[PDB]
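Excluded from the complex is one protein chain; the other protein chains are retained at their positions.
We call the chains A, B, C, D and E, going by the order they appear; numbering starts again at 1 in every chain.
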């Protein structure tokens, strides 16, 4: 049950500082090193640094001047701090446990997406998508949830609080006018709609917005 | 998904030899040592030996004359062979993976129970146990499966092929007249019996017997 | 070889409290700042599971409520808070000297509220009657504490000869016990008597719980 | 630093066949009989998962169908047999020299039978109309291969300005794709036209699948 | 300068060495003064030989002082090897005196002989004092052994010249001197052989003789450690008296418990008497 969880801002203003806390369970920081690695589409995976059990830190040469990694063993937390955040620093940041006695990383955190821009946080706008009229009833009916005009990334989109997880297809967001557009499609039996209550849940952590929009027939 | 499985005879004649095969998955025998450890009520846990990735073997001093451990890396199997089996060797035998760089064992097999006696294998006798008449109907009704006159140990007792696993209480066997007696009790809702079909499955690998006895009202 | 003694043999700890198990070695198991002592947990019907390696290191995947300490010849395993599933047998093992040896084992049973046993009586089955025997079964489920008494009455007459008692280990969820008492008799013995009763005496109440049947 | 090049960038392998990924290092990553190269697998929306450490050792918990080989500067990761869930991006990482560096990444997509896209049309919602916009959605689910064409017709007139296309990664179970085409328009634009259609052109059939609606 | 003296008088070996050196230097100085006063040649030659001999006592005392110096970057093991060197020099001293004694005797055989006696008795007395002071001699073992052997060589020379002088006074044997000189030279060489053997063994990085017999058993116990595949590149040598340095490389199983193997190997070689041990552990591929 070894788990690493990252908590940090989803949006950071340019030239500001980024602070991330990685909380670990299932192992102790008194005998494990923790690596920090960032992944961005432009540059791929980049090793940022490592912190050892005694407190020794080893950084990437390109980040030696603006990076600081600390930790507390009692609460089992690792603190990642970066200064002078520009736009190229937009990436998903992961804290990973070092594979014992090896130069690999065996357990990774879920990662936190951090973007650097001057735009402000925008709550999501949630819209339903029901099939037009009763045409093409069939046995399989597709429903949609549209998340438009949110910023920054990401949003968690679920159907029926995660119970309906089969046939759920969530599409990557698209950036237009510094805002994001996202779509989610779900396939459900026709006998269960609108017979059974189905809803789309959109959770935007940056804007702390949770929308359980119930889809209804037109 | 690191798994170790032991396969061997459940009964061994006195002064004969015991052969066990441990099949491993999720790791390779080219970089892991495998320990053999036996557990008996009389003597507790006893380390029998270890086999290393290059083929080096290290045995217990008390078993150096009658124990041999070999392996094959291609099929990922470890062979355990003991000679001159007396009654005190009756125990559950486990193959365990060595914890890397440590003197501990991190993953254990399920173990195989091996008994040393001159008695022969006896197929189990399965009997149902329904409440007497309709007295004390209540909301919770207890049913029983009785496994008498089997030898040697053990038998796997399940209810509804493992689907009904709540309230199932299996009791340890009792040795009388060189045979074994075992009981299993299950608590089931009264509205589901005899409305729903419930059965007790007794599997005896030593005699190769699977009895799906369906319990019926008296 | 190095002899490991575990004290106490059994320790009773309630929920959410602290449990302490001690392992004593005849000789030192330490080498150059490392104690080569390991702690395993074995539940009922399950292989031993590694908890601590080298006497103070938590094995990856086990709860943080387990802790290890000690050096040289004195070692301690501590559970805080104690949960229901912690009811198991805990073993200490040394790897400092060949051969590897294990401790005697300490059994952890959970302290909770006393529960009255649930008693169910099952007469011998028709198939068993055809086979030539008769086994009457008394199931006493979900009771605490462990100590309990079972007696069989044949039309009011006590039986103590052909009674076999089987005891399960403490449950990992509700921390109770199950007690199966079987009375084995010949077919003629079963047929010459009519009323068969089983009474359970437990510390929960002074009135024994009696389950009866006829024929 | 050591530069890792992964070739090919993308490799197409059918089910039950063998896939081979190569990693090339600018300098040797070997030290005293050990290659300090590691292989990771990253599925869509998931953190990288360690497959191989030190270029030939299988990480505990990963399937035996993954294998590693190579030395010095040439390294190979081999999947045999290739399963549906193996569709992911595979990275090579060196730990021989500080800083740790990763390969560019090789994306594995699964070859299977071609499937006709399932097309669903959704008109703009009433709430979005009240907000002042109108987004019409065309969902094209469960199709292979990836290449596909989407066109929007407004009463038979083609639209190409306000069309946004979103593509999902290959499914880990059935190895298909999903394609979401959104057309964003103003409320007056939506109200001045009646029939909105979306056609999908795929290699499965020469007749495009057209889904239409009115108002 | 001044601080060296308080360090010399602190130690028993250094104090005895300093006193004996002062006695020898004073004797040589008085011999030189009497030779220049009494226009003698044998006196001057004997004084020069006495200064040369006292140079060896200087070497021993310097080694005893320097051996206690703390280790630094250049001398990471300290200066204990000085002790060994002192012994090795002393023995060489002896070999380069005995031979010349030999030589002189042969020359005195191939030449018409044509005081130098009462001085020899005084030198004999000083040598007896040295024998009494340094009786236990034969890190300070090699220093004391070499100094004891040097005083023994001086005593043997004094006995030889005294015996020759008595034998050619009372009984008039002109052949006594060469035989006595050759015999004392042979005795000096024989006496110095074991010290030279021990010093050369130390200086050639030889396996310590007291540890050589137990080493195969140590190797066997190391090979019996779980997860050990082989031993290689073993080296054991003597730093100074009873101070042994060992280095070895282990090949172990790829998953072997290296902490335990390291501690066990150190225990095994500590029971064998190895003071300083380096164990490299290499994990095998397979």
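The definition used in the following text is that a residue touches a chain if its C-beta (ideal position, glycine included) is under 8 Å from a C-beta of that chain, and two chains touch if they have at least 3 such contacts.
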item	value
Residue of E:9, E:106 or E:186 touching the missing chain in the full complex	E:106
Which of D:31, D:45, D:61 or D:81 contacts the chain that the document leaves out	D:31
Hidden partner chain, touching residue among E:8, E:89 or E:161	E:89
Contact set of subunit A toward the excluded chain (per top definition)	30-33, 50, 52-54, 56, 58, 98, 100-103
Positions on subunit E where the hidden chain makes contact	35-36, 41, 44-45, 48-49, 52, 73-77, 79, 81-82, 84-85, 89, 92-93, 96, 99-100, 103, 106-107, 110-111, 200, 203-207, 212, 215, 233-237, 239, 245, 247-249, 258-259, 262, 276, 278-283
Subunit D, residues in touch with the chain not shown (by the definition above)	31-32, 34, 36, 54, 95-96, 98
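Heads up, the rule we're going with is that only the chains that are shown with their structure count from here on.
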item	value
B-E or C-E, whichever has more C-beta pairs in contact	B-E
Cα superposition angle of subunit A on its copy subunit B, in degrees to the nearest 5	180
Distance between the centres, which are taken as Cα means, of subunit E and subunit A, whole angstrom	77
Residues within subunit C bordering two or more other chains	36, 54, 95-96, 98
Of all residues in subunit E, the ones touching two or more other chains	226, 257, 259-260
